[PDB]
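One chain follows as structure tokens, the form deposited without its partner chain.
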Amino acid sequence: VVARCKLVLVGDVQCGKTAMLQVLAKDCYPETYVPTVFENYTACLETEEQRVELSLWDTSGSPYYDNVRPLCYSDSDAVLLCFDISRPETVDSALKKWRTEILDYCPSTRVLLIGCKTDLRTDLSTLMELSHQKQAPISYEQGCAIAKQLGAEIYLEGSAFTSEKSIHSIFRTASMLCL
């Protein structure tokens, strides 16, 4: 049985949503930022004991689209709440805003927390730039703690830029959780 699964990604502008989808579905990384309006992707993968067909909905992180974004939440198997690990702020109150929008659509919808750009954890520009904000990249441990406080089923993370296998792994796990 080829199982079918609808996943929606949401999160702040530039947090890494499209980069993940392009890697997963097109084996393509976009080094230059092009803001998303809306896009759909299709990916097939094997998830443990199943072939799964993923229907993936890419949304804009911009508040300009707040009135129209919830329309893609219908009949979703999970919403992937994404954040940039290098920006303890796409996390901060913003993941609360994001979590509430998903709750306000339907409290029954499953939420997975996805950390993006994990390669920036050891990047020296990121480290210093954040240090004089008295901050540091989000660690794996912090990701898990955030997932708990946002009622996400799991924290998963990757790097679209340096590890395509980290991305395929996120979506394999996401699919098993929805099956």
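Residue numbers count along the first chain shown, from 1. The term rigid core refers to the most C-alpha atoms you can superpose between the two forms while keeping them within 1.5 Å. What changes on going to the form deposited with its partner chain bound:
Residue 95 is among the residues whose C-alpha shifts by 2 Å or more between these two forms once the rigid core is aligned.
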The other form holds:
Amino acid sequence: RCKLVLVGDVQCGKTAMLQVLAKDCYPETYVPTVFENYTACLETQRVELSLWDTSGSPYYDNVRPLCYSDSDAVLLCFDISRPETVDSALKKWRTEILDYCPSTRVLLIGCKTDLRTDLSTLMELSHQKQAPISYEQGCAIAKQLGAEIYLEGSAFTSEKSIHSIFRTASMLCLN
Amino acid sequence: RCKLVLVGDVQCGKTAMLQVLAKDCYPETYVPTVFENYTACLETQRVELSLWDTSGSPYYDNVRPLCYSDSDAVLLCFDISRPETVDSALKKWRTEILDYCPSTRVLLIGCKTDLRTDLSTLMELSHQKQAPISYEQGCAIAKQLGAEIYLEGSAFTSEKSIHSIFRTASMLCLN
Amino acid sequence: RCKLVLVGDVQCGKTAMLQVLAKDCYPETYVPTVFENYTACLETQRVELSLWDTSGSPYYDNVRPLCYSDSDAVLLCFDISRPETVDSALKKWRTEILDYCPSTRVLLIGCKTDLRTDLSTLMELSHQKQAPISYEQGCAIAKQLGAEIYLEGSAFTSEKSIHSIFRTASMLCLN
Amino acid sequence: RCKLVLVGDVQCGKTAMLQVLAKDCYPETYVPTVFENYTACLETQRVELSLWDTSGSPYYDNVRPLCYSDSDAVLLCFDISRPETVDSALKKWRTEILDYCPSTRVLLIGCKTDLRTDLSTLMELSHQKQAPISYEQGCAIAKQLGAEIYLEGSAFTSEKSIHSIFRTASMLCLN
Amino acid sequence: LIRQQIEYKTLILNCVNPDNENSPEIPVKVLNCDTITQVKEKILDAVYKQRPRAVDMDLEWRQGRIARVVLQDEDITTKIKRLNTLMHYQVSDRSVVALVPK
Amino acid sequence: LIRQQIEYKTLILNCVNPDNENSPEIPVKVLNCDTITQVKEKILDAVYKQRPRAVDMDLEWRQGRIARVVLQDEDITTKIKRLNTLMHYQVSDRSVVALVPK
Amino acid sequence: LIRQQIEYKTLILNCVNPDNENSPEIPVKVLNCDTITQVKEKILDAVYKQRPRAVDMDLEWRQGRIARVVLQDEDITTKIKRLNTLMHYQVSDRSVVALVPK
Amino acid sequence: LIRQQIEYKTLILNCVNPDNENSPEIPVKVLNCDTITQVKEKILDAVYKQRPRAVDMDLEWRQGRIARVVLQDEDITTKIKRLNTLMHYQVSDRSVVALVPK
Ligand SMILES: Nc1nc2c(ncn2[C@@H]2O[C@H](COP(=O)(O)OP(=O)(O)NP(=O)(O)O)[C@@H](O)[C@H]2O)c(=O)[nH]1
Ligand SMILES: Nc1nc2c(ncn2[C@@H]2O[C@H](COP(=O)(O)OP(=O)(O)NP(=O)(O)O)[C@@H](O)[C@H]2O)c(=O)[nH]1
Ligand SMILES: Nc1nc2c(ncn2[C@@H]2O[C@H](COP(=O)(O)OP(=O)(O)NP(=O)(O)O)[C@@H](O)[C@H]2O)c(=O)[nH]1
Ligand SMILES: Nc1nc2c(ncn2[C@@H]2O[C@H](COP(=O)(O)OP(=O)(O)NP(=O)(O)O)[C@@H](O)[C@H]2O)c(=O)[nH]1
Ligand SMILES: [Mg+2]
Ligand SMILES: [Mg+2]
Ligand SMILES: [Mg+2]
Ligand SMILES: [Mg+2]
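Same protein, different condition: the form deposited without its partner chain was shown, now please give the form deposited with its partner chain bound.
After this comes the whole thing, all chains and molecules, with the earlier chain placed first.
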């Protein structure tokens, strides 16, 4: 039994990951979360995961912290196609985790890796003086934060990539 | 090549059916449609279906009629757990179909048949002096309307039930 | 944590059910099982299910009994489209369960209920002086055997029907 | 309307790709094909694909050629984890294509790219004085053969990777 | 009569029937500026027309089948000392809530 | 200055770049009370700073990958004679639109 | 009596009922060394106890719902001149076949 | 030399490397008429060219990732007293097996 709480900016891909992991179902259309819980099971050692999905919105700053209680890890998520979400990770999310659960292990999770090869995303980033967050950059950001690991995937294109994130997360919590 | 347009009240289960048919994906969370198009293929004779999803809301009364053009059938949908949606079918939807595409064949489609065995739905209907629409009632309503057939299913519990609706719809349009 | 072992004649639909439950995947093509184990999780109370799939073949009469050990229930399966599999249930399977795990609760499970409306199956049964096993007949067979319950579903057409079998099975084992 | 025929060695991953594309279903267990046909639809321009799956076995050398008739492309498949299947591509499959459909465009398709990161596969290849076929190697093999393109994916881990192979295949056939 | 910059409004909460979950939820009218204690009092007045007291119960905010969080007058989210209200937590109109014995 | 009962507001439409679809959409400021002709004029002014004329083009309202409907000043949805506007069709802020040659 | 190195055996083919597909298939006993013409003759004898002739029909080997291939005495798979047999194509016992008018 | 009615044959078992599971399995030649004790002896001879003894270990027959059953000379499947063999359990050629400390 392992409790993981997912936090990170709005639309960064948290609910998409949990829906793929727990429901085998990808949400093309964005539905803003308030809070939710999923249950998944996987083998690393059978492990039952209780997965807490939270809103990335400031609107819910007062209820989201109530989800951190007794969590084995926080999954700090960001959208590799939007570097502003890495800024939030280093600032808003780091600060919130440190305010509410400072001793809890943090895993840094990149979402939407498929968008690294998406022409229109690439063109948009270029017009914004930006680029997609790379894997190497994710690892560096994890080091800077004190996150235990950087992991990434694509809920949209790789169901197994999401399974592997949570298998690895489960293994880190059991050791 | 067959063009089907789905119409019916808000939350009646239109988008859930198309997502199950075309995307193999069920939407637990309600996202209000504006309009959308799906493509599916099936064998009855290979048939390509262009499926138009429309908003059930009065809000979109001015754009939804633009979807009726050159449709081979209109699928008039209702929610078997909410008899008010049958009232709308006999009134708002009949009238709209007659105003915009009076010569187009109409198929009457019941959604959410699984809720006939759902205890909490049953209890709610009883407190409202209501009951679930039955299959026999669907057939009678189809007769009253002049719909060519009554078909029903459950997007939530039976992917094959949705496939069978559209297989039957495709066959009616080819003959 | 609940251990369920599935037994019943070859091709009766055991592996199809477990694949739908545990893997969200239906096997159209018959692959004969030797033995296998699946893990699923569901809510009734979180329950972890260890599901043992066994060969229905006499070929494996010597290894299949090794699967019965410490099981919370045996799911005795038959194919509603083939009454000979009900004969085996009352004879071979009853006798084997009584020889190897006589005190273990047995749930009687009908598979392939969708074939009750399949024209070609119906025509074949008629030419054989047979008919599909009905729900009412399943209940009667369960009574005759001393099975705790009769449950049925369709792995082919209803993923939720399989979920509901195991939810009910899990509840019977917890009470 | 586009007809594609898949050929390549036994167990190389042809049926797994078609099942993922057409059925949204991955076959963990190997079932040897004789021949089969799938229908899929996708947008590049709506395209209907008739997909012919063939046995990689010499056993069926006399029936498989009957599948080549009027095909818009042959998809010559190999298993990136087994370089012997690249040898067959350059020898048996090249020769068969040249004997039965020499003027038909050929697409070179690598299967099971996920096994490039699979520890046990890697260890096995090392003990055999082998290694996984790389993307760069696939491109080179395609050049050597006269194949129009090299494409690769993973039926096991990426449903979208298979979609993208066939989208690209459909586009090459329309131009 | 003047309206606030951040306006007060009534909300209906759908309170789970404590005797049986599958029964319809009980609608309870409350104010967004109600403290969690005042909310519990209103639910207890509506759901118990030997009554439990507000201090004997926790207010649970439910989402879907399993997810739930306990709301209270004071907790780690309080800004130092205003009592927490529904608007503090942003509880939406028609949210499903439950009263659970502490 | 008084506001309407049904208020007028500016909206941005994201117009597809006609030269290449995968390029970023072009934002065009319009009014919800703009007729479809006035909308097309504004898109043509913004997207063509030999120009096409408003009457040479259809306004397409896009949803997702494939779904699209043509909006015009007058069609089967017109109430008899007010010219159709964005608010008539309820085109939302930041909707994706395209100009397609008739 | 000696058996061949590559042995001859009887097989049953399940022939689709031509009048209605959803009716049970008709079992027809054949030999693996039967030429496709001899197979068609046997199906016509069994399925027509004005009969079609072997040369008027194609033998179709069916797999699942839609996939099918035409088998003939001579085609691109013939080795130069042995007539093609069931064993040439490796048609399995209980394979579904159909006779279709040329 | 005469062959049995039910013939004896050699089989290869793929034994899991005990030091690391992800390493290639170790092939061990055995007979289908070998008792489970004789099978364990052969695996121990091949996998340990302080050795464990046959009686110190259980033979595990593995299927896929997690499923496994223990095979022994005598158990609930024994017919009364022939020692259980590979053919008794119908262990197939190239089955994955493991030796696990009792
Ligand atoms: N290309 C791509 N898009 C993705 C991926 N995952 C999610 N998305 C897109 O991003 C949208 C938002 O994802 P979602 O998980 O709902 O966001 P969230 O992080 O839960 N946001 P919130 O905190 O507000 O609930 C989805 O609707 C989907 O369109 C992915 O892996 N790739
Ligand atoms: N029990 C059950 N619920 C269903 C079923 N189909 C849909 N629903 C529920 O009904 C909700 C609304 O369905 P949806 O198809 O989105 O509604 P819609 O008809 O498209 N509405 P709109 O016209 O406003 O877009 C879904 O979010 C889902 O929770 C079904 O078969 N059974
Ligand atoms: N119509 C229909 N066919 C089904 C259903 N479930 C399984 N089948 C069919 O029955 C075949 C055999 O099913 P399967 O579960 O593999 O059989 P099994 O009971 O595990 N047999 P074994 O004991 O030999 O492993 C499947 O290949 C599939 O074609 C169902 O619900 N409906
Ligand atoms: N790791 C991995 N394994 C795969 C993948 N695709 C298929 N496999 C494995 O390879 C096995 C054989 O695949 P399959 O497609 O059936 O083979 P085939 O090419 O059709 N062979 P045949 O020609 O004999 O019918 C599958 O049973 C599965 O276990 C993949 O993308 N990754
Ligand atoms: Mg979310
Ligand atoms: Mg909708
Ligand atoms: Mg099986
Ligand atoms: Mg195959």
